[PDB]
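*Asks:* What follows is the residue order along each chain.
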Amino acid sequence: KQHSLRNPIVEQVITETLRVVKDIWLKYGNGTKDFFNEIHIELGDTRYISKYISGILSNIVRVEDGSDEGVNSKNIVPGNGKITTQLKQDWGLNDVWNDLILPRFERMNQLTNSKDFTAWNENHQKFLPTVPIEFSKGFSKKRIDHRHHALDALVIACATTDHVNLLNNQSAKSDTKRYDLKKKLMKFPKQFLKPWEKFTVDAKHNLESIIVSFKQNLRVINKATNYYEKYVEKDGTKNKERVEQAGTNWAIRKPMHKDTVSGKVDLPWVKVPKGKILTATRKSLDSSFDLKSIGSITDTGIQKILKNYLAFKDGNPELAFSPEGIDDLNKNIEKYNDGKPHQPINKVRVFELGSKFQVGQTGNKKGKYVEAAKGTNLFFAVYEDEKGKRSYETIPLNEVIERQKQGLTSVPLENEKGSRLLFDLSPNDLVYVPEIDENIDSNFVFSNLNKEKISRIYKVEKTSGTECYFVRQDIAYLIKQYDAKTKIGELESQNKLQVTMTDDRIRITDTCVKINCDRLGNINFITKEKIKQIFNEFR
Amino acid sequence: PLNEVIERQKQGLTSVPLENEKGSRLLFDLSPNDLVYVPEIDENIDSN
Amino acid sequence: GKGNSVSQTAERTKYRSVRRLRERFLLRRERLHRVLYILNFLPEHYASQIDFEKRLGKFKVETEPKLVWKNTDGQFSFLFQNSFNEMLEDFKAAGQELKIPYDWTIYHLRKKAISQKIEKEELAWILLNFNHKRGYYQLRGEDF
Amino acid sequence: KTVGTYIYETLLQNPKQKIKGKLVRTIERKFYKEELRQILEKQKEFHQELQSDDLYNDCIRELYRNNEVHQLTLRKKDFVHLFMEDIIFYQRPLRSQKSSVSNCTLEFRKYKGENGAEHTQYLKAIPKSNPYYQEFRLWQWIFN
Amino acid sequence: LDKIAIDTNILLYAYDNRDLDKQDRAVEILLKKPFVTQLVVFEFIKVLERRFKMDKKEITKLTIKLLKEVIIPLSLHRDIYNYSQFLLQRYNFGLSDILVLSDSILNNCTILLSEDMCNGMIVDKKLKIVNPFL
Amino acid sequence: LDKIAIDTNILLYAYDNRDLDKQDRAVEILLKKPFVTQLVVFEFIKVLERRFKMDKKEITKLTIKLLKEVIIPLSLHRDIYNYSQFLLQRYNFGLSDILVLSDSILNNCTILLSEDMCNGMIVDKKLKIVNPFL
RNA sequence: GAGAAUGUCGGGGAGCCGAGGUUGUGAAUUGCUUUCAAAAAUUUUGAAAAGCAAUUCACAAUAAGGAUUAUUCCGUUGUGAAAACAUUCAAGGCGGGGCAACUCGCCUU
DNA sequence: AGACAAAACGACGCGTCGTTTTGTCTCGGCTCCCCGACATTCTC
Ligand SMILES: [Mg+2]
Ligand SMILES: [Mg+2]
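Protein chains in written order, with the entry's author numbering: chain G, 674 to 717, 930 to 1073, 1092 to 1442; chain A, 1299 to 1346; chain X, 50 to 193; chain F, 290 to 433; chain S, 3 to 136; chain U, 3 to 136.
Hints listed in this document are in silico derivations from the structure and should not be mistaken for laboratory results. Ideal placement from N, C-alpha and C gives every residue a C-beta, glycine not left out. Just so you know, not all the hints are guaranteed correct.
[What the hints assert, rightly or not] Calculated cross-link-like contacts (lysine to any residue; reagent style SDA-like; alpha-carbon spacing at most 20 Å):
1) G:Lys-674 <-> X:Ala-59
2) G:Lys-1093 <-> G:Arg-1063
3) G:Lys-1137 <-> F:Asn-355
4) F:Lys-307 <-> G:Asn-1249
5) G:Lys-967 <-> G:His-1048
6) G:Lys-1417 <-> G:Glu-1364
7) X:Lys-109 <-> X:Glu-72
8) U:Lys-70 <-> A:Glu-1317
9) G:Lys-1133 <-> X:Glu-72
10) S:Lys-35 <-> G:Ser-1350
11) G:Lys-1435 <-> S:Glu-30
12) G:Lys-1356 <-> G:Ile-1339
13) G:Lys-1143 <-> G:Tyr-1131
14) A:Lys-1320 <-> U:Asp-81
15) G:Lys-1354 <-> G:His-1108
16) G:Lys-1290 <-> S:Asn-109
17) S:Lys-48 <-> U:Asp-81
18) G:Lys-1292 <-> S:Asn-109
19) G:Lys-1126 <-> G:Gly-1310
[Claimed, not checked] Examples of chain G residues lying across from chain S (beta carbon under 10 Å, computed):
20) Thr-1312
21) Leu-1316
22) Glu-1317
23) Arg-1323
24) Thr-1430
25) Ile-1434
The task is simple: from the sequences and hints, build the whole structure.
*Replies:* Below you can see the structure in the form of structure tokens.
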């Protein structure tokens, strides 16, 4: 049931954890009994999950013999950050993590033409990732990725109950009593024994071969039930009862547009490019009104009086347009209007040139012009013409709503030029960007995804017009964001690129191929058996 | 130009493609010595 | 970590409440139209273009009527000429101006309604105005 | 004096005054109620439509066709109560949260629905101020 | 490099069971995402309604699924009728077959697959017909 | 003022002389350049080739002549399958007729003309079926 | 570890209302620009229209839309292919409360 | 040879992908349900 926990965040986390556990059960053990011998749990406010998920998951790994009784199964072994960090340092997970993340740091070094982002060492005789102190506000080398989560999960899983007991109750009161665990788990007390000989190499191989699955919310329309009180004639008597609404009525599950509403204006003294219009909105006349912004005020006489005043104050809007300055202007409007009388001014209609759409078509709604809301450009169409060139478009939420209401596909399957649609992209999608030499037209065969193949996987982040921005799927946070002062950043000003990060710097949208993964990050592609089942399920 | 006219007429097709690359439906073809009517600025000749 | 309306459900609830208040104000207005039309208080120009049969009390579609501006051959005229004249008489007695907005007559009528006879249309305008501006009120009461 | 006449006076003395949102933003509902009352009683002696009980019953029936009980209730009132206490200043009470009250873990009830299945209705928990829970609690304290 | 088109026969053998070998070879032929005409889908619908008496809803669901995923529809060329009449003078085929070859040819297809229609016969020295089940 | 379309019925009653009055109706239905669906032309070809057993050459000539001079073919719409499936939940016609109506609607047609489609009826508040022979 | 009882600190959900703001209509006043449009010495004054406005008032809308005439609503939430749900949901009886509608308890399936 | 094909051509406007920069609805009251955490006491 919804709203059964502290807050939506932990509820979503727990629900997705359950879903992922079910998926792994089906994929790796076919849902049979006691397929999970043991489960280890860790969190790393959030403590609300440490006990609820353990209690819920006790139902799978519990033993009915009567030995395992209590609030939680004895097989569930929560840990602590001490064990995970000590194992990571001892077993070399930290070293492989730095080797995995370092190329981002060399890219930052090259982009800033310095050497301060990599530090050489001689105890390891290699370069370690690093950041300058003035870019070290809250930088963390683990946090800037997504697969660290999986790395933590791995280092937790191999940690047995003996390890957590040893590292939580190290106080022995006698060396001999705990010396058995010392000899069994640690090499001689210096370093712990690996779970197996090839642990580090296998962990490297997996970590460099993980694709991250991103949950998507493409809800545009859904069905809504309307119950309303009404007097109904039954058995010759009128009774008040609830009635369900007749006909069809959809509920939009996204904010259709932005709150601010503007009105259309036509100004002879400005040139309007085709496909764009001028919209004017009222705004307070305040200290941020300089010559360029004063020239963006729709009234010409207000512009005349206002520039006269600004000249009178030595061209300083801060002194001119303080509340005291505005009052002085209002009291003495004659000595800036060439001596002509005029009403006071506190708010003015500033105009902007761009693409704003009508909110509706009834009454006076046809005069309200709004802008698309945040996070509502959800579909990005990629088409091809018979010759071979790719065309791009972004369909607004209005056409998505109308198309989905008429039972059609969200994106038109052909553009106005007749170009056939490759496919549509949404935020959190995954695409493969092939090399410049590869010719991916009927590739498929997505079973042999190696490190080079997986490193060329990009996730959509946002779209606008014909532009689509991508981030490598393994990137969570940038090493350094963008600031208008230094004008530097990991992925330039937008913190996301329309091209690859690698040296070729190729348009991602011109060669990318959309892919589909499941909750477990396993690629999904057409196969014979699948083709058979398409219409076996109809057979 | 005359080239694609040649292979179109050789393939038994019409002289001019009946739709352009944009998919716009062909109104008609004009040849030297053809005749057209140019309606007034106010007239609306759509199915006259 | 600190907590500031961190739920999309709360935002949906806020929009729902705003909408609900809006339609309840509209419903009040509709019922006022119905009652005043029964009482024969609305003027013919206004009342001719509210639906009273299928859409009970709603305006006819694609129409924005004003109770006070009568539209004849595309021109707009004010209907309470005499109360406007009395209000301008009051201002000139106070000696301020002789040129004021027509829609200032409502407050003159509201003062006049306390102790004088006003025509019915003004009274309907006043009731609709009161429906517009209701005022703060605590449901419990509990005088302290 | 009434808030409408006060606003009219302030507009008389300062004709550049901003009323909406500047002069009066929010005031107790008692002012609007009292002003609209005084207006309606004063206009009542002069307009005969406010005395015709035929018209009053017509408004009653139109507004409450399917609720004869409410018609019977309002057949005793007049236009004053119908305008203020019914239409304009009608504020609904809070929806009941009784349905959201928790249930005891012990007492159950079983019944068979129209589907032929047998399902259980819960029993709502006791309010704490109930004297009987008072007895339970303080006997528990006596033993403790 | 070649543009593979297909006919109603490949889909019909794919759907049916009693011809396990034919159904198999049909389903591998569908793996290469072969192009299809709008005609071929139309006779697919017709034969599903006549031969197989399937209800309309399931038929439309299946055709939408296949057009989305497995087969790639091709646009209905506007010169299909003149070009189909062109092959009429030189070729001895049913007029529906002449239309399917006309639209396959006008869409730059090089190889067509089917049991019928004169295996191994090149049409206007630009399209071939291959029986793949053999 | 309204994009009027037609179906195979108008063409078929136009073709035959057995009923002079219906033939006439049909021919004055064609004088106004009524729009037409490609599926209508396909069904017309099918009925000429099947019922009437006419030669391929002359029916192809007639089709080309009519499309060049008489009726305006409408480009086949890519959303015809999904839209026809959508109309399928609320309506119960032969699926061929549902595709005809779907393609007529998707091309912005206002009035459709036919016989066996329950004249006067409104299809998704966009297009109405009219029997003109009455 | 569980249950119950008493206090402290938080979070979530639902509900009854209020005041602005914005866009548009109408009006009162005053402006900038352009054109008509005359007078006068390319320039200045005058009548009209349009475009953009500013101060004040009345009004219309305030997610596009769809119900319904109950003093009722659904539309920014979650699940997921069923475009299907969840977030109201049985029957009685024995009672308390009001001008009553309606509201609040107890008992048996 | 003369008259068609097409390249200049002087125009402005446009548009250029690449990139950065700019903008983005707001506060007020109150009621009433549920859960969570940490405090104390008693019992299994
Ligand atoms: Mg065939
Ligand atoms: Mg038919």
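*Asks:* Against this structure, judge whether each hint is valid.
*Replies:* Hint check:
1. G:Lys-674 <-> X:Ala-59: holds, 18 Å
2. G:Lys-1093 <-> G:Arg-1063: holds, 15 Å
3. G:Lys-1137 <-> F:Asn-355: holds, 13 Å
4. F:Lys-307 <-> G:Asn-1249: holds, 13 Å
5. G:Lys-967 <-> G:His-1048: holds, 11 Å
6. G:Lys-1417 <-> G:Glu-1364: holds, 14 Å
7. X:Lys-109 <-> X:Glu-72: holds, 17 Å
8. U:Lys-70 <-> A:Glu-1317: Satisfied, since the Cα-Cα distance of roughly 13 Å is no more than 20 Å.
9. G:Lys-1133 <-> X:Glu-72: holds, 17 Å
10. S:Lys-35 <-> G:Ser-1350: Distance of about 18 Å is within 20 Å: holds.
11. G:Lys-1435 <-> S:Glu-30: holds, 9 Å
12. G:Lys-1356 <-> G:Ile-1339: holds, 13 Å
13. G:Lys-1143 <-> G:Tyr-1131: holds, 10 Å
14. A:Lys-1320 <-> U:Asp-81: Holds, at about 18 Å.
15. G:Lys-1354 <-> G:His-1108: Measuring from Cα to Cα gives roughly 9 Å; hence the hint holds.
16. G:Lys-1290 <-> S:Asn-109: This hinted pair holds, its Cα atoms lying about 12 Å apart.
17. S:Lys-48 <-> U:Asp-81: Between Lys-48 of chain S and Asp-81 of chain U the Cα gap is close to 19 Å, so the pair holds against 20 Å.
18. G:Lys-1292 <-> S:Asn-109: Holds, at roughly 17 Å.
19. G:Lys-1126 <-> G:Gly-1310: Satisfied, since the Cα-Cα distance of roughly 13 Å is no more than 20 Å.
20. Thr-1312: This interface hint holds because 8 Å falls under the 10 Å limit.
21. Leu-1316: holds, 9 Å
22. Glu-1317: Holds, about 8 Å.
23. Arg-1323: Holds, about 8 Å.
24. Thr-1430: holds, 8 Å
25. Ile-1434: holds, 5 Å
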